[PDB]
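Only one protein chain is missing from this complex, and each of the others stays in its spot.
Labels A, B and C are assigned to the chains in the order they are written; within every chain, residues are numbered from 1.
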Amino acid sequence: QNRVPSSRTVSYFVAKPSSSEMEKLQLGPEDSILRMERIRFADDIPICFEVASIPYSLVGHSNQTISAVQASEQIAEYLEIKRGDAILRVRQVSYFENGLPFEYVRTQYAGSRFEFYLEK
Amino acid sequence: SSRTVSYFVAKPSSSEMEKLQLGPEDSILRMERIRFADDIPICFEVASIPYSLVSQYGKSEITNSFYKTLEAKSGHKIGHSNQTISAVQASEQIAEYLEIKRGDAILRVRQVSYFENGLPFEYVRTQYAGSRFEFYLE
Amino acid sequence: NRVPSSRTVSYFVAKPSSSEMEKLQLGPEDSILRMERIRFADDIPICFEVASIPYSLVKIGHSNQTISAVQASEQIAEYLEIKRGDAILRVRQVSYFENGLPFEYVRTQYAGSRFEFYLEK
Partner (left out) sequence: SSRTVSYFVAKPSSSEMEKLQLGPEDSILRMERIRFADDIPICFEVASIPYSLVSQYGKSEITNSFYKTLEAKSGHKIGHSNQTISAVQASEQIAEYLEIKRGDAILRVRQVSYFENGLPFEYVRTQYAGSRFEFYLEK
């Protein structure tokens, strides 16, 4: 494609986790996480919305899953698509050797257009 | 647990011609099926297989042990496959089958699998309920 | 079209380097939070990305970018599967709040030497 990539960090805060975050980061409701949200562009076209959580306390392997979600109002807006549009989402969790999770990243793609292609 | 919505022989669409390396008059077996987990639909799946590969087989061996039947008896062995993954909204038809609302997020997987000599033997197109599924990457 | 994936290589609070001081407008005692990732596409390294935020920072636009070219250090040659000394594109981005206060400095460095960008005017 050859385009110049860029990003905007949309939020960066410390917070108590969601259920998903509890599940994937093996945490309790009281355990703080540090959370980054970032739009990535390829030449000023938005390409994905990316949310990364690490457990605050932290101030191996990793594994990914793919799914489809609906465009929320806010994400629709960041990615310049419409609420309701179907969107690929990639969840990644990384772990230290103990199997202690340390990062949970969730990427959503601007469309509804994007495809991934795999070979076995 | 799975349910077979349909199972006929038919002439291919152009997609089917194209992914199966077939001319317009070669027949396909076309098979449609829903699969359930805890009695909730997980995925709807249309498979087309060139009929010439499969016309001498038993409906249940096509249906439950396709790959093993082909290895077993075709005298060819299974080679590469490719998958194309995308997100799409549920049509009413799919929302019907999968028991969700029209417009709900579908994870769509399209796949073509070849024999080791390069012969396409199936084109399978699967629609998963987004909220109920996760595709685990190797 | 290839499935992307990343590996955080380090993540720590630290006292800033000279360019961090310069781009984030900090002094040597000011701490930053510094993350370093390798981004892959189908398990081919694509870029190495370092990003640094003022640690104190726990209303945006604008930001601006710069390109240049750097030699692959040994650390980086390894991370991106290329040779020490190869010439690689490096992009720098600093993002600011409306007031002008810099709040993030990211440096992306590309695998090869082979990579190109294309602009139009």
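Operating definition for what follows: a residue touches a chain if its C-beta (ideal position, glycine included) is under 8 Å from a C-beta of that chain, and two chains touch if they have at least 3 such contacts.
Q: I'm checking contacts with the chain that's been left out. Which of C:41, C:87 or C:101 qualifies?
A: C:87
Q: Which of these touches the unseen chain: C:8, C:25, C:31 or C:65?
A: In the full complex, the listed residue that touches the missing chain is C:65.
Q: Touch as defined at the start, partner being the missing chain; which of C:11, C:55 or C:117 qualifies?
A: Result: among the candidates, C:117 touches the missing chain.
Q: State which residues belonging to chain C touch the missing partner chain.
A: Given the touch definition above, chain C has residues 62, 64-71, 85-90, 92, 110, 113, 115-121 touching the missing chain.
Throughout what follows, only the chains that are shown with their structure count from here on.
Q: Roughly how many whole angstrom separate the Cα centroids of chain A and chain B?
A: Going by mean C-alpha positions, chain A sits 30 Å from chain B.
Q: Indicate the whole-number Å distance between the mean C-alpha point of chain B and the mean C-alpha point of chain C.
A: Measuring from centre to centre gives 43 Å for this pair.
Q: Of all residues in chain B, which are in touch with two or more distinct other chains?
A: In chain B, the residues touching two or more other chains are 137.
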